[PDB]
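J.: Spelled out from the first residue to the last, the chains are:
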Amino acid sequence: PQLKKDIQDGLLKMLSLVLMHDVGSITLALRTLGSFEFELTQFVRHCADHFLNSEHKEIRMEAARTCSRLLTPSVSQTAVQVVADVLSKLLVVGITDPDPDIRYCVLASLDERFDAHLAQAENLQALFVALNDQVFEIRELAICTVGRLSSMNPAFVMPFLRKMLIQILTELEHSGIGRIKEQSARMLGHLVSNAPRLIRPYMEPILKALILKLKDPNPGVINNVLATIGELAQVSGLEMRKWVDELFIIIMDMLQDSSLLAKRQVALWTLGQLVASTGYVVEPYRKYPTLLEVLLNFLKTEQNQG
Amino acid sequence: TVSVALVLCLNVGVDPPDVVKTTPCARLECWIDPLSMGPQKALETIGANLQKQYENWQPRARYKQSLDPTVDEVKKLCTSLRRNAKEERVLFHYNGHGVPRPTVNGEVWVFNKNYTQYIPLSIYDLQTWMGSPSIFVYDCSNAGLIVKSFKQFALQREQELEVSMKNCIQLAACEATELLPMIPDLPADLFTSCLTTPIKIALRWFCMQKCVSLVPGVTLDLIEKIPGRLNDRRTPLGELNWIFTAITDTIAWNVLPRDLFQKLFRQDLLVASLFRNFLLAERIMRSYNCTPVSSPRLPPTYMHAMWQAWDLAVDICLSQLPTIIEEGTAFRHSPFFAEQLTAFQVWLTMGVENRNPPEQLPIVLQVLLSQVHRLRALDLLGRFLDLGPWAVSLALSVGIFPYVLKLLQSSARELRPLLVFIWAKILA
Amino acid sequence: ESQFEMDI
Amino acid sequence: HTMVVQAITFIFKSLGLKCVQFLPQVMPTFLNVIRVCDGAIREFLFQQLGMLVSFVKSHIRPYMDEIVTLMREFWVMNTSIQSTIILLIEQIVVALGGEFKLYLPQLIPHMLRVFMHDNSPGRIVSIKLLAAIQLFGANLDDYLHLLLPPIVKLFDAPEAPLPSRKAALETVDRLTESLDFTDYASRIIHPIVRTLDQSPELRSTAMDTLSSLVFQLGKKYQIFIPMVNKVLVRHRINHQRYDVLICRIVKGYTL
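Chains as they are written, first to last, in the UniProt record's numbering: chain E, 529 to 549, 578 to 595, 599 to 633, 644 to 786, 791 to 879; chain L, 57 to 219, 236 to 500; chain V, 111 to 118; chain W, 968 to 1222.
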C-alpha cells in the first residue's frame, strides 16, 4: 500500500499516454484502469472507439464493461451526457456485433443512477428498440429496466408495456412450440414481475390465458407457465381466491404425476405460494385430503433435499 | 364559414344498376335505415338527423338543404351560398347515394326517380358558381374519384384565370382506385358518420376488430348505450371526448407543420372538428382498402406513438362501462392527464434546453380549461417558463397564451398570483 | 379565443 | 369432371356476379366435392375455386371460413398444392378488402412451418409464398412480429440459394414502403448486414432494400450507419438512392 500513491500515479503517466498514442495497448490501458485503484474520462471516451478495432470476444466484453465503469466516476449532467453517448455507441456496437454476451454485457452495464436519463422518451425509445432483439437475456434486461422506469414515466411506458403484453400473448397463442415458446413464457413472466401495476387490472385475462396452456395437452413450456402463475399469485394476492380451486386441482394433478414431468419443485413451490398469497391455507387438506400423504411421502421418496 | 349546403342525392334507397351487393349490404344512413320507410320519411328523417348532427357542430351556420336536386335547385342553392359568403368559405356536402355511382363529370341521377332519368351536371359549373373559398365533404362509394375530379376542375379554373382553388379544403371517404368495401358492420354514410359521432364509432370499431381480452364484459350494446353529452365528464362520453381531442391536437401539433395547424385547428371550430375526427377516422380506415384522401399537405398522424395512449384511455374507461350503464356507476376520472403532466414534469426534470421541446404543451393547453388539473398545469408552466426564451415563444406558438389570457378574466384572486406570474413570463 | 369551455 | 365443372365455371364466368343466383345451390356442393375428391383433381378444383373467387369476391364471404379450413387441412408443402394454396391466398386477399386479417392468423402457424422446413434450391414453395406475403401489405400490422424471424432466417443462412436470398430482401423492400419497420429495424438490418460481405450476387439488392428502410429511419438510421457502411466498404457496393439518403441524413437536410 505504501507505494500505491506513487505507483498508480506513475502508471497514470504511462496509461494516459497509452490511451492517446495501438488497439492492444489501449485495450490494456482500459482493462487496467478499470480494475485497479486509480483516480482520463476524455481519454476513455475516445478509447471506446479504439478498443472496438479488434476481433477478440473477451476484449470486446471486458473493455466495454470497463469503459462503462470508468466513464462514471462521479452523477452530474456532464457525466450523464458522456455516459449516454458512449453507452449508446456501445449499443450500436451491439448491433454491429452478432455475439450475444457482448450485447448482454453492454446492456447490463446500465447503472440505475441513469434512470432519470432514461425517463425521457428520446432515451426510452432506445430501450424499446433493445426489446427488439433475438436473444432472451437482452430482452429480459430490457423488460426489467423498462418496468423499473414505469415508476416514473407512465405516459411514455404504459403503451409500450401493453403492446409487449399483447405481442407476447399473440406469439404464445400463434408462434407454435419450440425454444422460442419457452422464452416467450419466460418473457411474460418477467413482464408480470416487473409490471404489477398493469397486470392487476388485467389479472383475469392473463390468468385465463395461462390456465388454458396447461389445460391444453411439453416440459419447460408448462414449467414456465406454472412459474408465471405462481409469480402472478405473488403479485395479485387475494384476487385469485376464486381460481384457487381449479389452480390447486391442476397443480396437484401435476404433482401426483410428478414422475412424468420436470421440476416438481416448481409445482410444490407454486402450491406454497398460491396458498400463502391467497389465504387458502387450511381448506385443501379437508377439500383435498390426499395432499396430507403427498407432502409427507415426498419427504421419503424425493432425494433432493433442496 | 357563413353557410352550409346539404345536397341529398337519395333515390329512396334504390340501388344502382352498376353494382351487385351482398345480402347484408342494407347499410343505414345517419343512423336511419331508409329501406324500412317510404319517400316521405326515407328522404326526410335523414335530412333531419343531418341538420341536428351539424347544428351540434355550428348552430349559427346558415344551413340550406336540397333534396332531389334536379337542375335549378343546385344553381339557386350555390348562388345563395355565394351571395352570403362572397369572401368566406362555403361548406358543401355529398352522399353520392342512390342510382348510378358518382362520375367524373359530376352528374346527379335524381331527376324523375329512375336509372335513365339522369342529369349531365358538371363540376366546372359548381366551381364557377363557388368563386369564393370552399370546404367539401365527400361521403361516397368512390369519394376519392370525386376528389380527384374536383381537384382537376378547380385546377382548370385556376389555369383559366391565370392564363375556390388554392383556398379549398376537401375531406373524403376513400381513394378513387378503392371503392368502399361491403362491410355490414359499417354504416353506409361512413365518412359522415365517423366525423359526426367519432367516439362511439371508434369504440365500436375497436370492440369489433381489436380482438383483445383486456376489457372483458364490454360489447357493442354497451357502446350504443353510453350516457353523456360529450361535455358531462361524469360519464364516459365527456372524458373520452376530452382525451381524444387532447391526443389528436397534441399529435397534430407535434407532427403537422405550423402553417397548416395554426389555421385549420384554430381559425374555425368546424374545420378543427372535421380534421381531428378525420385523423382518428384515418387511423380506423387505413386498416382496410378505404384509403382516405385530404386536400392539405398533412403527414400521417396515425403513425404517431401517442395514439397508443388513445387505446389506454379507452381500455381504462370501458373497463368501468358495464356498471356505468347497467348499474349507473359514477365514472372515475381517467389518469391520462395526470400521466401526461407527469411526462411534462419529466421533460422539465431533464434540465436540457435544446432537446426536442415538450410534446405535452397542447395537453397543457387543453388542461387549462378546468381547475382540477389546471392547477397542476399552471405550476408546471411556471416551472417551464423559467427555461430559455424559446420556452416563452413556444408557449405563444402552441396556443397556451390565449388560454392563459382568458384565464386572466376570472375572479379567483387566490389563483391570480400564479396566473400573473405565468402570464408575465409568456408575454416576455 | 378558446375552442373549449373554461372554468372562468 | 372437367366437362361438368368447367362448364359451370364458364357459365359463372359468362354470368360474372350474376352467378350469385346459383351459388347458394351450387357452391355448398362444390366445396363438398373438394373435401371428398382425389388430390390430383382437388388441386384443379382449388384452382377453379380461385377462378370463382376472382369472379365474385365479396359474395362468397359466408363460405370463406370453409374455404380457409379446406386450405389449411391439406397444407402439406407439396409444390403443386403449395402453389395452388398461394394462388388462393392471393385471390382471397384481393377479394377480402378488409377481412383478410380475420383469416391471416389461421394461416400463420401453417406458414411458419414452410420456411423452416424446406431447403430446396429456391423452390417456388418459399418464393411464391414470399410474393404472397408481399401482397398482404397493411394486413401485417399486428402479425409481422410472428412471420419476420423465419423470413429473416431464409437469407441469414450462409448457404442460402440466390432466389431465397433476393426474396426476403426484395420482399422487405416492397413491404417497407407501406409498413413502418422502425420496431423491426434492428432484427431486419442486422442479419442483412451479416450477408452484405457474403457473395456479390446481392450487392445492389440488399442495399436497395436498405435504401427504403433508410428513407423511413432518417435520424434513427444513425444507429445502423456504422454497422452497414463498414461492411459495405469491404466490397465495391453502391446505390444512388442509398448514397443521397445517407448524405441527407448526416447533413440533416432531407428535402
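Hints were generated in silico from the structure; no laboratory data involved. Here a beta-carbon is modelled for each residue, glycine too, at the ideal position from N, C-alpha and C. The reader is advised that the hints may include incorrect statements.
Unchecked claim - In silico contact screen, one side only, chain L against chain V (beta carbon under 10 Å); selected entries:
no., residue
1, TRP314
2, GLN334
3, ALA344
4, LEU441
5, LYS478
6, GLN481
7, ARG485
As the list claims (entries may be wrong) - Below, in silico cross-link-like pairs of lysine-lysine (DSSO-like), each with a Cα-Cα straight-line distance of 27 Å or less:
no., chain 1, residue 1, chain 2, residue 2
8, E, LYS750, L, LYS282
9, W, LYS1197, E, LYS616
10, W, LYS985, E, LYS750
11, E, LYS658, W, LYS1197
12, E, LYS732, W, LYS1068
13, E, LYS732, L, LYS272
14, E, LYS750, W, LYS1187
15, L, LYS120, L, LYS204
16, L, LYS169, W, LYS980
17, L, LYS282, E, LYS732
18, E, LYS784, L, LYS108
19, W, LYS980, E, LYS658
20, L, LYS282, W, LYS1068
21, E, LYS750, E, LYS777
22, W, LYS1068, L, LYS77
23, W, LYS1187, L, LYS77
24, E, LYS732, W, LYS1120
25, L, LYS282, E, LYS782
26, W, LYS1024, L, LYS282
27, E, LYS732, W, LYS1187
28, W, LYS1186, E, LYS732
29, W, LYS1120, L, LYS77
30, W, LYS1068, E, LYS777
31, W, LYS1186, L, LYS77
32, W, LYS1120, L, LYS272
33, W, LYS1186, E, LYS658
J.: The structure should be examined with respect to each hint, and the outcome stated for every one.
T.: Checked hints:
no. : hint                 : verdict
1   : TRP314               : holds, 8 Å
2   : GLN334               : violated, 13 Å
3   : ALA344               : holds, 6 Å
4   : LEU441               : holds, 5 Å
5   : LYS478               : holds, 5 Å
6   : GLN481               : holds, 6 Å
7   : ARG485               : violated, 14 Å
8   : E:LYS750 - L:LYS282  : holds, 23 Å
9   : W:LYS1197 - E:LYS616 : holds, 19 Å
10  : W:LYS985 - E:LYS750  : violated, 49 Å
11  : E:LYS658 - W:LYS1197 : holds, 15 Å
12  : E:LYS732 - W:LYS1068 : holds, 18 Å
13  : E:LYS732 - L:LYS272  : holds, 23 Å
14  : E:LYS750 - W:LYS1187 : violated, 30 Å
15  : L:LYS120 - L:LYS204  : holds, 26 Å
16  : L:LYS169 - W:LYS980  : violated, 32 Å
17  : L:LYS282 - E:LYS732  : holds, 12 Å
18  : E:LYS784 - L:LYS108  : violated, 54 Å
19  : W:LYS980 - E:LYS658  : violated, 62 Å
20  : L:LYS282 - W:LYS1068 : holds, 11 Å
21  : E:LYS750 - E:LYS777  : holds, 18 Å
22  : W:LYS1068 - L:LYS77  : holds, 22 Å
23  : W:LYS1187 - L:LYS77  : violated, 47 Å
24  : E:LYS732 - W:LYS1120 : holds, 25 Å
25  : L:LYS282 - E:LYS782  : holds, 22 Å
26  : W:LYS1024 - L:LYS282 : holds, 24 Å
27  : E:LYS732 - W:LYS1187 : holds, 21 Å
28  : W:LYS1186 - E:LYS732 : holds, 24 Å
29  : W:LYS1120 - L:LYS77  : violated, 44 Å
30  : W:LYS1068 - E:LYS777 : holds, 24 Å
31  : W:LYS1186 - L:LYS77  : violated, 48 Å
32  : W:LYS1120 - L:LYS272 : violated, 43 Å
33  : W:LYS1186 - E:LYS658 : holds, 15 Å
The structure fails to meet hints 2, 7, 10, 14, 16, 18, 19, 23, 29, 31 and 32 from the earlier list, while all remaining hints are met.
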